[PDB]
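*Asks:* Work out the full structure: start from the sequences and follow the hints.
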Amino acid sequence: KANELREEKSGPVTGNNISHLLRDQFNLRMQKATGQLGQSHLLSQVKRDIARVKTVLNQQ
Amino acid sequence: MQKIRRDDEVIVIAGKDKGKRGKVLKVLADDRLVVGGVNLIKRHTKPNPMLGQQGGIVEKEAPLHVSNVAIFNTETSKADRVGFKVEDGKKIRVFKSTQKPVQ
Amino acid sequence: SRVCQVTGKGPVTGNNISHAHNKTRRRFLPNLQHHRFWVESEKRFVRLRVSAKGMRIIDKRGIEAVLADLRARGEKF
Amino acid sequence: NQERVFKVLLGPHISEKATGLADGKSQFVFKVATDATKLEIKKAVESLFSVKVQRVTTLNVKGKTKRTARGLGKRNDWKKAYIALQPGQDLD
Amino acid sequence: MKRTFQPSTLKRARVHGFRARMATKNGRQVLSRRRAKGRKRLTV
RNA sequence: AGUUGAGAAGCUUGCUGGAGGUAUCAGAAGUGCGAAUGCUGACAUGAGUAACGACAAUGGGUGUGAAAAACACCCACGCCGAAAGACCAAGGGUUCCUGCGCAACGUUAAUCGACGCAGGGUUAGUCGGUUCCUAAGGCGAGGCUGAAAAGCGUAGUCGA
RNA sequence: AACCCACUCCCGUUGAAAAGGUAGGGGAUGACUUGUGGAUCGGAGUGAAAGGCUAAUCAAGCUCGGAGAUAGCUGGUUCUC
RNA sequence: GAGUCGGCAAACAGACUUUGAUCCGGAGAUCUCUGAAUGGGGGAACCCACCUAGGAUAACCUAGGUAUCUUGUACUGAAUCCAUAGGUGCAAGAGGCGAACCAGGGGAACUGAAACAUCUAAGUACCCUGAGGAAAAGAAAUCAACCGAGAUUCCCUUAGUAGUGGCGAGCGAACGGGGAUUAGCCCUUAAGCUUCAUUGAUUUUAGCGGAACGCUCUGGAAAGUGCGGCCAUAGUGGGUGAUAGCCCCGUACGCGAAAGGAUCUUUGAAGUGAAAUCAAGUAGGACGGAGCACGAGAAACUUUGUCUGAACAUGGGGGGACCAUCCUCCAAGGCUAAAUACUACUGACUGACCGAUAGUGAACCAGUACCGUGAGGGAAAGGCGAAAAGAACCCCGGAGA
Ligand SMILES: [Mg+2]
Ligand SMILES: [Mg+2]
Ligand SMILES: [Mg+2]
Ligand SMILES: [Mg+2]
Ligand SMILES: [Mg+2]
Ligand SMILES: [Mg+2]
Ligand SMILES: [Mg+2]
Ligand SMILES: [Mg+2]
Ligand SMILES: [Mg+2]
Ligand SMILES: [Mg+2]
Ligand SMILES: [Mg+2]
Ligand SMILES: [Mg+2]
Ligand SMILES: [Mg+2]
Ligand SMILES: [Mg+2]
Ligand SMILES: [Mg+2]
Ligand SMILES: [Mg+2]
Ligand SMILES: [Mg+2]
Ligand SMILES: [Mg+2]
Ligand SMILES: [Mg+2]
Ligand SMILES: [Mg+2]
Ligand SMILES: [Mg+2]
Ligand SMILES: [Mg+2]
Ligand SMILES: [Mg+2]
Ligand SMILES: [Mg+2]
Ligand SMILES: [Mg+2]
Ligand SMILES: [Mg+2]
Ligand SMILES: [Mg+2]
Ligand SMILES: [Mg+2]
Ligand SMILES: [Mg+2]
Ligand SMILES: [Mg+2]
Ligand SMILES: [Mg+2]
Ligand SMILES: [Mg+2]
Ligand SMILES: [Mg+2]
Ligand SMILES: [Mg+2]
Ligand SMILES: [Mg+2]
Ligand SMILES: [Mg+2]
Ligand SMILES: [Mg+2]
Ligand SMILES: [Mg+2]
Ligand SMILES: [Mg+2]
Ligand SMILES: [Mg+2]
Ligand SMILES: [Mg+2]
Ligand SMILES: [Mg+2]
Ligand SMILES: [Mg+2]
Ligand SMILES: [Mg+2]
Ligand SMILES: [Mg+2]
Ligand SMILES: [Mg+2]
Ligand SMILES: [Mg+2]
Ligand SMILES: [Mg+2]
Ligand SMILES: [Mg+2]
Ligand SMILES: [Mg+2]
Ligand SMILES: [Mg+2]
Ligand SMILES: [Mg+2]
Ligand SMILES: [Mg+2]
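Residue numbers (the working numbering), protein chains in the order written: chain A, 1 to 60; chain B, 61 to 163; chain C, 164 to 240; chain D, 241 to 332; chain E, 333 to 376.
Just to be clear, a hint being listed does not mean it is correct.
[What the hints assert, rightly or not] With a Cα cut of at most 27 Å, we get these calculated DSSO-like pairs of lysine-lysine:
| hint | chain 1 | residue 1 | chain 2 | residue 2 |
| --- | --- | --- | --- | --- |
| 1 | D | 306 | E | 357 |
| 2 | D | 306 | A | 32 |
| 3 | B | 78 | B | 106 |
| 4 | D | 319 | A | 32 |
| 5 | D | 306 | D | 278 |
| 6 | D | 282 | A | 32 |
To be clear, the hints were calculated from the coordinates, so they are not data collected in a lab.
*Replies:* Spelled out as structure tokens, the structure:
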């Protein structure tokens, strides 16, 4: 959520967090190109989660 | 807010099957209601491809309009209009014949 | 365009009436020639095209006064 | 950037001409981003698969156009890159 | 049997293109008039 | 269909139709069509008539298939060969290739297709572009000229 | 001969073609033919001059406005007594 | 406040959450390349870059900047001794678009006159330039006859009248009455208008509650036939399987705002109005033109292209050639609300308006398809049922139609 990310999570702590779920976005774009992805809710979920951490890095 | 939620039990006014005591399963968005047990329909459906089957004639319920049912009272055992005459922290659905809150 | 830098005269239009009133258009241009005017404070000639009615005003008001309010309407001299 | 490595690759492109290509040779066909250069996908393979690649070729594909009622329809055009690796380290 | 239309693309864009119409003053009135009717194209 | 009035027209009923209708008397009219070489859709006569797009030419077999003069393979005849063959530039815009089909299209039939649906398919330091420089010509800071729009043009920067 | 042009006959005229075809013709190293790119426009251009050409339109294009131009001239003008 | 993942569109998958999930309003963050397009160029949605700081490995990346003009401002300094032009650096503003409205610049012809030149059409169409939510115009060198009226703008009369006119076609006032609206201030420096700081009111961008019915017939289905009763500051609304004040949404009424938006008003501030100082190349005059209803006409008056030229309140200029006598105003410097004109866009209503050859060109994926090198032109296209219950299964057929 967003109330978690406000809670004393600094610039570098959330700045490392973006490079974590870009991996999870990459691995879900590789499995979709191949034939193994049934959890289609996961694919449209990390798009709405990279957007949250980019918002809190402009409001302090 | 709306007179009829999902987990209610109703009776039917002015239909093919009037006076049938029922219970709401699914509410649609064009204020049509699928009441569990009444308004039965039968659909000639082809048996399904892609290693499925449907076979033949299978029943299900067809929805009816929201103006054709009403909240059942179980204290005069007849249909009763409902209202929101009582609200203190929430709009409580309350009957108008007896001024008693529904459950 | 044919305007003056002192008096503000543009060309106007009118007619060219004959002896049977055959109206046709013409332009009334103003007289204006180039001329150099000596100043003393900047001790140099300035050249600007003015009318013959602008020559009469320079001879009346003075050159330094008419150059001043030419600057004080925001123009190039 | 720290980003921009997790954007230029959109998956494999396995088909009849790419299956026989990766076996007789070592060339793997990806479906790269719509505007990427030959350097910034040389780096995103050495990073994301830990293999050394010698050289990369690319090409552009036009989208096929359908013609039904109520106008025409243009499918999305896309780029494509043949990644020619070393004779060892066939990738996954 | 030369017909009156022999096609090209370098001659079509330099005469009827957008940067040809937008350069002059009549052509910028051709753009606003053809836009305000509601045409999809504005540049043939 | 019957029946009543000098007439415009009115009235009662048989079937089809499946939800609106207007005594009476007054108003307000986009108020009555056969014709304007009238306008826009439908259907006739001509008429199952003329034509089926160069007078390079086709004849058997085997196959597939619901169905072969026209499709595939085979055998034999013909025709172009300074093109009816190959290749670059324009121009076009997926017509290229493979499965699946044949209602529509193709001046006939189609199992065939430049035709429908679904996949596939264009790899560059050197070949053409872009980058460098210019011809005719275009635009042109400042600058002159002009009712206003604007016109011409120096430095300059575009244009094979 | 390629190539550019259009002198004759016949066929065609609802053509294969809103200007061709099959046979014959004239020029063919030059007042030549042609590819790409540019310049000149509406009482205005171009023209070895015919009033010819300026997008199958030309004794002054095409399009939108003035404009429902003006017509002592043709054609039409609808239910009963 | 309990369902949800936009529409044509429709299935089968994967899912999210009792209170903030979709959903509705206020504020913010992101905002690719084109386009005034503005770092330089271009064939609009493309190419080539510099500079400053911060990182990064023979190949770069984040963050900014970099257009011309108009003003101002420091620095620099040609022929030339000085010092102007000129050249840099910075600050502020402008540029473009939009249907009509308003003021200016330029301005036709067809057609009327039963021909046609003056004249009409007409200062109309169109084309440029400005500015505003309105603009312009306005505070007497004005009109009236010896009576008096006191800024402008707009409607109704005077009146199709006096005049004007190849005295033809035609064009056409004023004086005086009736109404709408109601402020006059300054050049000794003013109201007023801007822009912030302010204290209250007024609404505005979302909502919430919201009265009263039963049995009985026919029918596929009752709102209808019957028989009764109730509500009312809500009774000719919509829609529910056929005709509903009382079934559903609404209506008459009542309440509603974290937050912005304005509109009146608070009392302060910074400004500005603003030109300095009662008006000189100004009034008037002479040829040449316009505007005045007024086509040189006995032609007054206002204007300006050329040429000239005064008096200084014992002055001046007006009262339709001109002159004497009377009356009435102070020209050559400025500022001003209201009544007024308009609708591309909004919302609420309303109709003796249309009902798919009508009404927008357009109820339908319409400025689309198509026709053009272009500017430009420009169509045809609605309806199953209350509800998809949209036809399982069998027989002929190419395994189709
Ligand atoms: Mg005239
Ligand atoms: Mg390449
Ligand atoms: Mg697209
Ligand atoms: Mg009805
Ligand atoms: Mg009629
Ligand atoms: Mg008829
Ligand atoms: Mg007749
Ligand atoms: Mg026929
Ligand atoms: Mg015959
Ligand atoms: Mg015969
Ligand atoms: Mg025959
Ligand atoms: Mg043939
Ligand atoms: Mg031979
Ligand atoms: Mg030969
Ligand atoms: Mg195709
Ligand atoms: Mg093929
Ligand atoms: Mg056929
Ligand atoms: Mg095909
Ligand atoms: Mg160059
Ligand atoms: Mg040049
Ligand atoms: Mg210039
Ligand atoms: Mg030039
Ligand atoms: Mg040739
Ligand atoms: Mg020859
Ligand atoms: Mg010879
Ligand atoms: Mg002749
Ligand atoms: Mg022609
Ligand atoms: Mg007219
Ligand atoms: Mg006519
Ligand atoms: Mg530029
Ligand atoms: Mg630029
Ligand atoms: Mg502007
Ligand atoms: Mg005439
Ligand atoms: Mg005339
Ligand atoms: Mg008349
Ligand atoms: Mg006449
Ligand atoms: Mg004003
Ligand atoms: Mg004023
Ligand atoms: Mg008096
Ligand atoms: Mg007064
Ligand atoms: Mg409510
Ligand atoms: Mg209610
Ligand atoms: Mg009703
Ligand atoms: Mg019905
Ligand atoms: Mg009702
Ligand atoms: Mg009921
Ligand atoms: Mg004065
Ligand atoms: Mg005078
Ligand atoms: Mg005077
Ligand atoms: Mg006088
Ligand atoms: Mg007098
Ligand atoms: Mg219509
Ligand atoms: Mg109909």
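*Asks:* None of the hints should be skipped; say for each whether it holds.
*Replies:* The hints, checked one at a time:
Our distance criterion of 27 Å between C-alpha atoms is broken by residue 306 of chain D and residue 357 of chain E, whose separation comes to about 40 Å. Only pairs whose Cα atoms come within 27 Å are accepted, and residue 306 of chain D paired with residue 32 of chain A is accepted, the gap being roughly 25 Å. Straight-line distance between C-alpha atoms of residue 78 of chain B and residue 106 of chain B comes to about 32 Å, which puts the hinted pair past the 27 Å bound. Restraint check: the Cα-Cα separation between residue 319 of chain D and residue 32 of chain A comes to about 18 Å, which is no more than 27 Å; the hinted pair holds.
Between residue 306 of chain D and residue 278 of chain D the CA atoms are separated by roughly 32 Å; this puts the pair beyond 27 Å, and the hint is violated. With a C-alpha separation of about 23 Å, the suggested pair residue 282 of chain D and residue 32 of chain A falls inside the 27 Å cut-off, and the hint holds.
The structure shown violates the earlier hints numbered 1, 3 and 5.
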